[PDB]
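Engineer: Please build the complete structure, drawing on both the sequences and the hints.
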Amino acid sequence: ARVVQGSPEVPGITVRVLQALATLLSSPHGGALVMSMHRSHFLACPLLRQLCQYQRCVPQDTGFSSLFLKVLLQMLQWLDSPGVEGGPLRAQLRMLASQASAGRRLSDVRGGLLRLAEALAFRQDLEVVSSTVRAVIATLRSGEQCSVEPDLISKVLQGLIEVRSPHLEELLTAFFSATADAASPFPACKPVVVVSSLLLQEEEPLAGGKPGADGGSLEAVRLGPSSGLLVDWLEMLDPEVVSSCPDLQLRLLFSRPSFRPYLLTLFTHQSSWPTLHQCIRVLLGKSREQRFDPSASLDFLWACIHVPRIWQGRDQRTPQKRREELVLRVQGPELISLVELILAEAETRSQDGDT
Amino acid sequence: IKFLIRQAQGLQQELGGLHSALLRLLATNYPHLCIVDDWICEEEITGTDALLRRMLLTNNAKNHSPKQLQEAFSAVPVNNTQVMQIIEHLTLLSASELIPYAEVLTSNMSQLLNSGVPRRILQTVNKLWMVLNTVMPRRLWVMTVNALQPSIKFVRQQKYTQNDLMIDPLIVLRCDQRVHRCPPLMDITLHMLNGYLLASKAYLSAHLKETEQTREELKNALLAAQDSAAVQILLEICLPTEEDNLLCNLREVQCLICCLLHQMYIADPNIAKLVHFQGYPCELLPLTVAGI
Amino acid sequence: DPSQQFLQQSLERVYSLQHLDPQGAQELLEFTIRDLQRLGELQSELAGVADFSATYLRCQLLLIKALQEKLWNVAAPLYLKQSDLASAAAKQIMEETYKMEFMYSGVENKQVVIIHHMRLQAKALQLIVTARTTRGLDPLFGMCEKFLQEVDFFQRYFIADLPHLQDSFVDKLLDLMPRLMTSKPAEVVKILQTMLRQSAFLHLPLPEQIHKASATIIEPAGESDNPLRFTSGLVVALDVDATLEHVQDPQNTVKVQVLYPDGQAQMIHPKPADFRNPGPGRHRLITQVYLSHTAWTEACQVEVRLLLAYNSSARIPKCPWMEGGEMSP
Amino acid sequence: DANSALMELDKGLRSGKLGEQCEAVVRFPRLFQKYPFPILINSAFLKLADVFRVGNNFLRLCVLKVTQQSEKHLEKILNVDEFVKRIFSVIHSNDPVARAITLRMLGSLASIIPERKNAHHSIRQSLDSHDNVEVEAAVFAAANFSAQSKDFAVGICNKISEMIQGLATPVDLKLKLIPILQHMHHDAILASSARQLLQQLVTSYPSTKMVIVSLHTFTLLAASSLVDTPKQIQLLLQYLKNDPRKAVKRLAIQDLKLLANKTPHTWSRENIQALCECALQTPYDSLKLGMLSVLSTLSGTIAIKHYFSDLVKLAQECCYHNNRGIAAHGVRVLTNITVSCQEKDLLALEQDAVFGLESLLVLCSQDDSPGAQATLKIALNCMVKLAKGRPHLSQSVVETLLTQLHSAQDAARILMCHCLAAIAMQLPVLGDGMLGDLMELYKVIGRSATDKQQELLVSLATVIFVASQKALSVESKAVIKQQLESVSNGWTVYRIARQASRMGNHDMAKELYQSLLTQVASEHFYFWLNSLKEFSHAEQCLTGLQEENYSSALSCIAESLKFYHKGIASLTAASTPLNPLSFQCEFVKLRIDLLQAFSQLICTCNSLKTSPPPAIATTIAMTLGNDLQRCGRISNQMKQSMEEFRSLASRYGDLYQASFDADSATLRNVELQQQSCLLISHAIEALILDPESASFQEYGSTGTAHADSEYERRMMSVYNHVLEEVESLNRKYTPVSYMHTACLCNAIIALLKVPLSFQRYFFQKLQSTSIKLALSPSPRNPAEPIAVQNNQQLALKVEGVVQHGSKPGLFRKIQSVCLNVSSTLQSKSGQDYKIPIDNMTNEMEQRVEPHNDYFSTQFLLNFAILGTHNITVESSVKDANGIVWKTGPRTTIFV
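Residue numbers (the deposited numbering), protein chains in the order written: chain A, 1389 to 1644, 1654 to 1752; chain B, 689 to 901, 922 to 951, 984 to 1032; chain D, 608 to 936; chain G, 21 to 328, 342 to 928.
Wrong hints could be hidden among the right ones.
[Said to hold, decoys possible] Simulated crosslink set (DSBU-like; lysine-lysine; CA at most 30 angstroms straight-line):
#: 1; chain 1: A; residue 1: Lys1598; chain 2: B; residue 2: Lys889
#: 2; chain 1: D; residue 1: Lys925; chain 2: D; residue 2: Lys878
#: 3; chain 1: G; residue 1: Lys37; chain 2: B; residue 2: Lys927
#: 4; chain 1: G; residue 1: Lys346; chain 2: B; residue 2: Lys815
#: 5; chain 1: A; residue 1: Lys1598; chain 2: G; residue 2: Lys37
#: 6; chain 1: D; residue 1: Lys779; chain 2: D; residue 2: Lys717
#: 7; chain 1: A; residue 1: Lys1598; chain 2: B; residue 2: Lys815
#: 8; chain 1: G; residue 1: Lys31; chain 2: D; residue 2: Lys730
#: 9; chain 1: D; residue 1: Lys925; chain 2: G; residue 2: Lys170
#: 10; chain 1: D; residue 1: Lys672; chain 2: G; residue 2: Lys325
#: 11; chain 1: D; residue 1: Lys677; chain 2: G; residue 2: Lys919
#: 12; chain 1: G; residue 1: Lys137; chain 2: A; residue 2: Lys1718
#: 13; chain 1: D; residue 1: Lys698; chain 2: G; residue 2: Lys911
#: 14; chain 1: B; residue 1: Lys690; chain 2: G; residue 2: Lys85
#: 15; chain 1: D; residue 1: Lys688; chain 2: G; residue 2: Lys622
#: 16; chain 1: D; residue 1: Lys672; chain 2: G; residue 2: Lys421
#: 17; chain 1: D; residue 1: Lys672; chain 2: G; residue 2: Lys911
#: 18; chain 1: G; residue 1: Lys911; chain 2: D; residue 2: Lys688
#: 19; chain 1: G; residue 1: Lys325; chain 2: A; residue 2: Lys1598
#: 20; chain 1: A; residue 1: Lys1598; chain 2: A; residue 2: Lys1543
#: 21; chain 1: G; residue 1: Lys137; chain 2: D; residue 2: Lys677
#: 22; chain 1: G; residue 1: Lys805; chain 2: G; residue 2: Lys919
#: 23; chain 1: B; residue 1: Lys690; chain 2: G; residue 2: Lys31
#: 24; chain 1: G; residue 1: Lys846; chain 2: D; residue 2: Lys698
#: 25; chain 1: B; residue 1: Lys889; chain 2: G; residue 2: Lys31
#: 26; chain 1: G; residue 1: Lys846; chain 2: D; residue 2: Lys925
#: 27; chain 1: D; residue 1: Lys797; chain 2: G; residue 2: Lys765
#: 28; chain 1: B; residue 1: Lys690; chain 2: G; residue 2: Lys282
#: 29; chain 1: B; residue 1: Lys750; chain 2: G; residue 2: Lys277
#: 30; chain 1: G; residue 1: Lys919; chain 2: D; residue 2: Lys688
#: 31; chain 1: G; residue 1: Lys85; chain 2: G; residue 2: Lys137
#: 32; chain 1: G; residue 1: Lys805; chain 2: D; residue 2: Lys688
#: 33; chain 1: G; residue 1: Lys346; chain 2: A; residue 2: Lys1578
#: 34; chain 1: G; residue 1: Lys919; chain 2: D; residue 2: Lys698
#: 35; chain 1: G; residue 1: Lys846; chain 2: D; residue 2: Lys672
#: 36; chain 1: D; residue 1: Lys706; chain 2: G; residue 2: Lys846
#: 37; chain 1: B; residue 1: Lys889; chain 2: B; residue 2: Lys1013
#: 38; chain 1: D; residue 1: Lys688; chain 2: G; residue 2: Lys672
Keep in mind the hints are simulated off the structure, nothing from the lab.
Structural biologist: Below you can see the structure in the form of structure tokens.
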């Protein structure tokens, strides 16, 4: 009954009130036959009939489907999408279904003003899900994403992000290390729903130093909510804090923000002893450049002296109050710079007063 | 037998006398497995347990077969970016899915402390060994003994299966000697040393019953001398160098050794007297008194 | 003041959201009662008004649950048993109104007239439940005339604030009562029932009221066995009671109940000479209690408790049930 | 018997024998479960404290595990001070493992000692100790003691704050210390301080695990302290809309789900609008699925009524999604909105509802996967709710169900049959319409089925019996043919016969019972099947009555009574001490007595014509008699019938409260039977006798649209007919019962129209609860009375424990046990009874409310009789709503 299938579909779409159950049963039988893969040559005929009915009537039919009978049209669209997703044999009826969905969307975007996305929402979602193709360049996508972000666009930015994610999931090529920071800053500034996925794709299989880029982003861009996410990238791909660049990490830890105590605890309980001693001797050294915050330096030193690994299982609180033996030895100029910065930072007195 | 003990203790409604008799036999035949500090960390603390397991195991822990971690360990890119997050994301398991990962964790602990390694990786390896000590601890101890080898290009004694290792636990103290400046590996070796000392005590107690088909005083003297030798070796490990004293791996290792010595003295108050009658260098006197 | 604004929001939510299904209203009342009880258990200075509102909402919930009983959905003249949950709920509602009226101190005339209207509605519900099962038509006249007499007494005692309350059960009954005095009590109680179903839900005004509770001072409080030595003939021993807090002149108002293990129960009257008030807002009750009974052959238990007094007669459980010493005679 | 076990455990614990000691310790919980007595539990806990005071550090862990396991048996300890002292005497040792075990033990005892200052000081001191396991044990004990003990909370909050903000502890220690702030709901100041601390921790420690644990603690505090729940919801929505991570989003989704599960009334319109706007901007599928699950949980409460247009658009958009779970959640939201809300345009949404159901039927028909069966069950129960809450669309769903029944490979037809049976319980026209299609499916289903043919056939037979009303046509023979040559599974045909007897079909029940009588693998089940067959035969013969017939009606009543006697005899022949049948015997006996009373009534109504007027007229003129109008010998028979009906109603009310385990259907059936009995009693009292006695008109509504069965509706219609025929003939004729006996007999025949309905409690007796009620009197092993001085006193010391063989919170919950006690004289004093007053004054009705599964009261009595007495006690458990629930333990002691 493939010849009268288009007529039956048109009758059920316009006014039948009875053929809806028959169409649903036929769609269910076709889906079951496609799942069983027992020579299910029925979906192609239904797809061709639907394409012919949409090509014959595209203005009044779409309006009647989006205004009068929306439930049956949405159910038929869902069944067609399920059949196209299950029966993936060389994507025979996939192109025709995509073309029909695009034609229906183009007809409903101008002729359906009152019923705004009432029944065409499923078709739009299916078209957006089917448009997630893979880029064939994987090198110039960063410039396109930056242009879309600068042009203040939402759908274009989402499409660019999806294309970049698909290119990253595909065969990795020589990625650029120039516009990646700008793209990350734009995605952090603008409301991006796939910002975490984009960051993971850009820092998963890139041929560059993602740690320096993440540090520069966290130090320059004012990312409010996503900052913590960057903090994750500071503890996932960077085991030691002072591992790649000491100056930038020292400036990020001790400066002239919000994630400061967490990173301080990480550097205290996750760094090796030579690196810790090096940081202590370079921080407490004689330097008037104000390259270290004493407010964090004091409790950093207090935590390094009271590391729980230094006191593993000895008796609790049994020292000699006359003189402490276990101490941290320092040098002359080191202690001089320490007392200098201590007496210097204790002169602000914004609201503390005198006591 | 430890996995069976755990899965029998997990079923307390049924299996009335079976689990009871199994535990009463484990407490007598295998005293080296009934160590309290070995399987006490599995108790609830604040309910935060299994929370990160239910909230951080859906998007990952699905394509991390042991072969991937194995090939990530040994490679020209010896960078610790991927292996770190890989070994960190699998710490949320229920200590029963780490059985295929135990073989990958072992045989690479000696290669771990080669040069320039971070601190979090060693801590995660120690935590994994601790959560893998609650199940199949004997095979894990054997694998860790066979993994921590001097690697001097010549094979002297290999694989230490169950006899040449449980007879004299001192083999756990003749390792690569590079783990002495490594707090996590040192704690692992101390746990193995205590377990193997208890296992040797049990083995001698069982062997003096399967013979002559006095000897008890000889066994007691041998056990006392073995404990004293272990304590002396642990004390000599606390020496600084061969030629800061507060902020270094030496401090943490000395503290762990003092903790193990305190546990041994609490277990038996006679080995302390025997060690003091044997004596040790004075450089360790202000450390043991203020540490034990 | 987060607690005050939260209480105001809860009260306005209970007041406004009332035109819905009966099950929805019931579950909303249950949720709000639980929330008010939690707030009273948590907050201290705002505990009195919270407990007052919680008790009022519990009264309303029990009322709306009694009105939705299956007896009206089944045959009326049968009334086999355990079919109307209002036969035992009317007494609870009356006790709750008595407690809300007498236990709290900072009450306003609006609260008094609202609680009297609630008591009248409870009496009408009791009348309906009794007439639903009463077989003799002669006793119906007696209780119907009694209820009309109570209604007349209420409307004579309360003259003001009547035009303030709109669409309420009291005003509807006052406007319809000139006609209900000419027919049979059967149709009278029928009209009373069909009117009380969707009458109204009056809003209660909050105030700075506080509860009236006691303490558990160590004077003859819970302790070890400590079996004292005494005989069966004369009195066993003497004990000391506990202190009081926010009782609004506990003199001639607070009783002391003694619940023996036997069926007998003694309520010793208070002594006005021992009531001390050096802590206005907090009190103290040091009164000797007399205990005596025949031999017990054991040291089972004893129960001493404090209660309240009313105009004619009633009791209020204020303090937690505190057991006394064994004192085996 | 428990004394011997305690003694042998003590002997095992005497010697060292570490293995034997561990064995005894791990066996102690079994002794606790076997004997919940307080004295034995106290002695065992004292022995555990003794073995905990001195040990080899391994018995301490076993005792800790035993204490953590047996937590409900912890409050029933008499000597608490000595136990706590023996437990705490080992925390002063220098062994960190011993101190950690002691801290964990103290934390396990945080429900019996929340004010011991020594434990608080120990936890405070050992919280910052130089260790690793002792610190964790101290944290555990601090959380336990901060749950209760507001003083410990206010004393430990500052220390927890400093220990977390000291930046000198590892990340794991902070992640373990954060959940301690959950138990800060004791005061408003504590809640505010914990809220500020958690806000500072979130704004200062940005990390996945850190933020997750801190948000969990914050939401647990907000849920346990319902003062700032709107702020919690606003913060969760802000983090859903701003935070780009995926773990935090799922955490917030589960958070909103828990909040809607526990406190759904605190939500507002703005929160729902924000959640819908956030779900509309989610490109992922799992996140949208979780948000829609939260929305479906919210829409099942008063939140959907307070919200009333973004939620409607979201539900309409996600109703036709590709995935199945999202579509199921969408159609659930739509069905809940349709049932709860009653807007004007929402009627059109009803269309989008029913067709939307199809979107959940063509995708989970032949999938054979739990992920599809879950959505199928969701859609089916949603359709059931829509059909039971709105009968306007009862056919528009049953037609889709019938059309979809043909599109399943014998996998989803069981669920469809369950849905059809659940829907057809309200309206019988659906069954009348779908009986033909059900029979067609039953005919075409007997071709081949191996996987689950049994359950499929059972469901088909059940839905057929529900749809049918008579089952006397060819359909019965067709079912018999389909069940005969097919697989003859005894359980399948037994369940089919049980469902047939439940729905009222007795011919098929009798046929299946006769077929099963020849294949029984035991003797008790043989008598059970024989009794069921006899009952079904008597039911079937009872339906052989004709309207306006009195000649053969007596013969039918006699043969039904004979079959009932045979059945009850064969049933009581199967009553054994192991699993005794108490409800069935009483139910059958009371039914037999009711039918015998009906037979006596019809016999008296027939004999009324046998010269009854001139019988008693020889002693007094019955005509125009103001004392006794129409005085005849029939008055004695009428009074006997009235008192018999009153006794039958009393026994029905007793059987209602004697079960305590029956379902709603069985209780409703018993209530309907008692109502019919009381109606017949009222008819024989007010109509046949003088109408001036009561003269009470039943001017009230009845038979509301709430019956969940056709039997209940038929009984209510018969009740209404009897009332409307008795309210008019009250003051019409003379009381000689000229036309009153006619309508009385018509009502009797109408009551016998519906044969019976054996409800669910008649079989598969579940929820077996029992109160032991093991008092502790003077030691009396023999039956000899306790020697008392007869003048001092006599104590009882009664105590009972509740035992539930099944799930306790299934149908009713035990709240109060109204213990009663009475005394009487055993030996005959002057008459056959005890005495003139029987000494039954000592009642002492006490009402104890057991918080746990244990209660103990004190009873006394005073008697001055030198003879032997009898003391009996009764449980009389009380439920939540409040019913006597007369239980039958019958614990009787002489003295």
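Engineer: If a hint holds in the structure, say so; if it does not, say that too.
Structural biologist: Evaluation of the provided hints:
no.: 1; hint: A:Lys1598 to B:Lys889; result: 54 angstroms, violated
no.: 2; hint: D:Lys925 to D:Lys878; result: 19 angstroms, holds
no.: 3; hint: G:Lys37 to B:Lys927; result: 21 angstroms, holds
no.: 4; hint: G:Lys346 to B:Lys815; result: 50 angstroms, violated
no.: 5; hint: A:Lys1598 to G:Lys37; result: 63 angstroms, violated
no.: 6; hint: D:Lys779 to D:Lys717; result: 19 angstroms, holds
no.: 7; hint: A:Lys1598 to B:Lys815; result: 28 angstroms, holds
no.: 8; hint: G:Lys31 to D:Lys730; result: 67 angstroms, violated
no.: 9; hint: D:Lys925 to G:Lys170; result: 23 angstroms, holds
no.: 10; hint: D:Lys672 to G:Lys325; result: 20 angstroms, holds
no.: 11; hint: D:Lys677 to G:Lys919; result: 22 angstroms, holds
no.: 12; hint: G:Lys137 to A:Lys1718; result: 29 angstroms, holds
no.: 13; hint: D:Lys698 to G:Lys911; result: 18 angstroms, holds
no.: 14; hint: B:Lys690 to G:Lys85; result: 17 angstroms, holds
no.: 15; hint: D:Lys688 to G:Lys622; result: 21 angstroms, holds
no.: 16; hint: D:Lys672 to G:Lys421; result: 22 angstroms, holds
no.: 17; hint: D:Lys672 to G:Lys911; result: 19 angstroms, holds
no.: 18; hint: G:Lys911 to D:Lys688; result: 15 angstroms, holds
no.: 19; hint: G:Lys325 to A:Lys1598; result: 51 angstroms, violated
no.: 20; hint: A:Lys1598 to A:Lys1543; result: 27 angstroms, holds
no.: 21; hint: G:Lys137 to D:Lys677; result: 54 angstroms, violated
no.: 22; hint: G:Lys805 to G:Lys919; result: 15 angstroms, holds
no.: 23; hint: B:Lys690 to G:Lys31; result: 29 angstroms, holds
no.: 24; hint: G:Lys846 to D:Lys698; result: 23 angstroms, holds
no.: 25; hint: B:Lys889 to G:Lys31; result: 28 angstroms, holds
no.: 26; hint: G:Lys846 to D:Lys925; result: 27 angstroms, holds
no.: 27; hint: D:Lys797 to G:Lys765; result: 25 angstroms, holds
no.: 28; hint: B:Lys690 to G:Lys282; result: 41 angstroms, violated
no.: 29; hint: B:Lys750 to G:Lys277; result: 26 angstroms, holds
no.: 30; hint: G:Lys919 to D:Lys688; result: 13 angstroms, holds
no.: 31; hint: G:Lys85 to G:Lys137; result: 24 angstroms, holds
no.: 32; hint: G:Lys805 to D:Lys688; result: 28 angstroms, holds
no.: 33; hint: G:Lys346 to A:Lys1578; result: 26 angstroms, holds
no.: 34; hint: G:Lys919 to D:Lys698; result: 23 angstroms, holds
no.: 35; hint: G:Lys846 to D:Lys672; result: 19 angstroms, holds
no.: 36; hint: D:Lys706 to G:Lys846; result: 28 angstroms, holds
no.: 37; hint: B:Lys889 to B:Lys1013; result: 19 angstroms, holds
no.: 38; hint: D:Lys688 to G:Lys672; result: 23 angstroms, holds
The structure fails to meet hints 1, 4, 5, 8, 19, 21 and 28 from the earlier list, while all remaining hints are met.
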